[PDB]
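One letter stands for each residue in the lines below.
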Amino acid sequence: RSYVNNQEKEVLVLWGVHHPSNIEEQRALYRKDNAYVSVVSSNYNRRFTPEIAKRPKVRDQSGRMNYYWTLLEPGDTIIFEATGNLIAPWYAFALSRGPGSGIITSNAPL
Amino acid sequence: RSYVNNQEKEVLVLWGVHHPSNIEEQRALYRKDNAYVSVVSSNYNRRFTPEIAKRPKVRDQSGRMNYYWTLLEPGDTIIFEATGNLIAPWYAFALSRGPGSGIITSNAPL
Amino acid sequence: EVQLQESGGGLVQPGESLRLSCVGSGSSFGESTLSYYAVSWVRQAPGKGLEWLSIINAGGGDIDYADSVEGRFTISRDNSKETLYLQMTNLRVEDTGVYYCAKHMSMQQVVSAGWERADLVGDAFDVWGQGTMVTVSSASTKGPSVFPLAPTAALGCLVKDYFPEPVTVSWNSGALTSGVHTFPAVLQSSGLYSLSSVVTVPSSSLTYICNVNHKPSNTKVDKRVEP
Amino acid sequence: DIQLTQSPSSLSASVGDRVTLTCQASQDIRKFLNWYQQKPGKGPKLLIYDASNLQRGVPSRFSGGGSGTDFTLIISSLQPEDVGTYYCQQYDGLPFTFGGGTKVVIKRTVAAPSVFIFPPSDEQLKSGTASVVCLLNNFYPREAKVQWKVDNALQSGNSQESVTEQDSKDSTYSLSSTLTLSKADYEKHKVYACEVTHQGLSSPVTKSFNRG
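Protein chains in written order, with this note's numbering: chain Z, 1 to 110; chain L, 1001 to 1110; chain E, 2001 to 2227; chain Y, 3001 to 3212.
FYI, nobody ran anything at the bench for these hints, they're computed from the structure. Each hint should be verified, as a subset may be incorrect.
As the list claims (entries may be wrong) - Only pairs whose alpha carbons sit at most 27 Å apart, straight line, appear in this in silico BS3-like list of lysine-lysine:
| no. | chain 1 | residue 1 | chain 2 | residue 2 |
| --- | --- | --- | --- | --- |
| 1 | Y | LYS3031 | E | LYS2048 |
| 2 | E | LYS2048 | Y | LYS3103 |
| 3 | Y | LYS3126 | Y | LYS3207 |
| 4 | Y | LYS3126 | Y | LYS3039 |
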């Protein structure tokens, strides 16, 4: 799947790669023992391979989902190619970055 | 291929790994579906595997060449081992680093 | 692999022109079609050896020619059609022969990868075409005369008067593919070619026919051979 | 230019013999030399590329050696399918040039020609021309003394014979003879004989026919 950034702004794309806990979970969900995800743009390209191991549970899940992101520049195209395990983007964000700020952690009302 | 740094100085070595855009480009150029590059010294060792995907064109190229570098110390040896996709070094640089400076970006004449 | 098929040759008057085409098909390593390689034209005169004429590189550059054909002949290639061309001009009688299309071994470009070879290698010809014949003679063309040779045993076909070569013999569409002997043609005293073709058959007789094909005159004969 | 000289012009050998073909060059062409076989009527097929490399699918018996100006192709166990013409060719410089070729000829046991005689047709003698043909089949050696007896009278000055190429399986030949004479001449005599002498026959075998 390709997406051409026609927003005249940066687009923030996020996605995920799912790592099952055993090979049977892999086969049931994706029907391949060996999957891979590729995300590639004009200045981004990573390949993501699922890595299956016994892990301690977190929120009662032994599996894991690794989350990733990139800022697709105006005019550039991002391409997703997957054999399995891809947590695909559905909604993304068109933004223009400001001069540069930070996070405040508080309970004071607005 | 090995190179023994006999310069009594640091040698800067650079190289590249070529990532085709489809498997047929891989087979035509290197005759292996699965290549790898290894560069190893006394304190450097990386393995580079080519990763083949559909990418947007840049300078009318869908392929990519990733560029790498290391400072081989005086007396040390660097070893290149490749099954394909290696952009091999041809010329390298013998240098002694100075106290430490920076880059000026200008149009003022020298 | 890659296959090559010359075409567009035959009989032409002296001082005239003729354009041979070389069509490529199939692919070698890495889905490499003919546009990945450099091609040459090579001709062979009747009874002699091989003469190289011209070379062209994959992208259409580095043309060169043999001195004997320089200025008259011109090489080119429509890579979109995977086709080579040879535009012959001012044809002389000695230009008669079988013109071949021959691919060079080494890969010269891989366009989708953005890879070219800096030099033009022009190394071994690993693929040739079947050839197309060019007959340069102001003599007119004439159709073949075919007569039977009725009857181990033997039955034949006598193609008596025609010009110029070549013809195509095939008994019962390749039914008799064993024991055949299409004989090399001779040049009769009149000036037109003659040729016989035979096959061995035992005591058993089944009907046997010979399929004759003479391209330059739209001639196709399925002559019988009954006793 | 560059001239390639091939020796010999032709070699006769037997099946299983090992043969050496020579190709010498007029100047140092390094190893930019290749060899092609060409069976008659067919296109050339590549055998050896760059002096010494066997091309894919070429039988392992083919070897090639040399460098500089002295190159050789070596056929290890000669087979009847090897009959044909072998050319060496260079690409060290333009124009690309070929050797003169070296024709391989096969020696085998003696073969007996099955002899046959053929008259014209109801359409040929009607056209106003006669063509009688003698067609010895698959024989070895090559030379066959073909003479024509018309009511026991030798023909001289009206003949034409064509030999086929050496067969790539049994290494035999084939020879047909053409006697071209008008249809007015055909009405005179009655019997025509094809007396041929060949080593494969203990005595001349004359196959003939009477007029009609």
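Quick rundown of the hints versus the structure:
no.	hint	verdict
1	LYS3031(Y) / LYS2048(E)	26 Å, holds
2	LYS2048(E) / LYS3103(Y)	12 Å, holds
3	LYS3126(Y) / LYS3207(Y)	25 Å, holds
4	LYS3126(Y) / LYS3039(Y)	40 Å, violated
Going through the hint list in order, the structure does not satisfy hint 4, though it satisfies all others.
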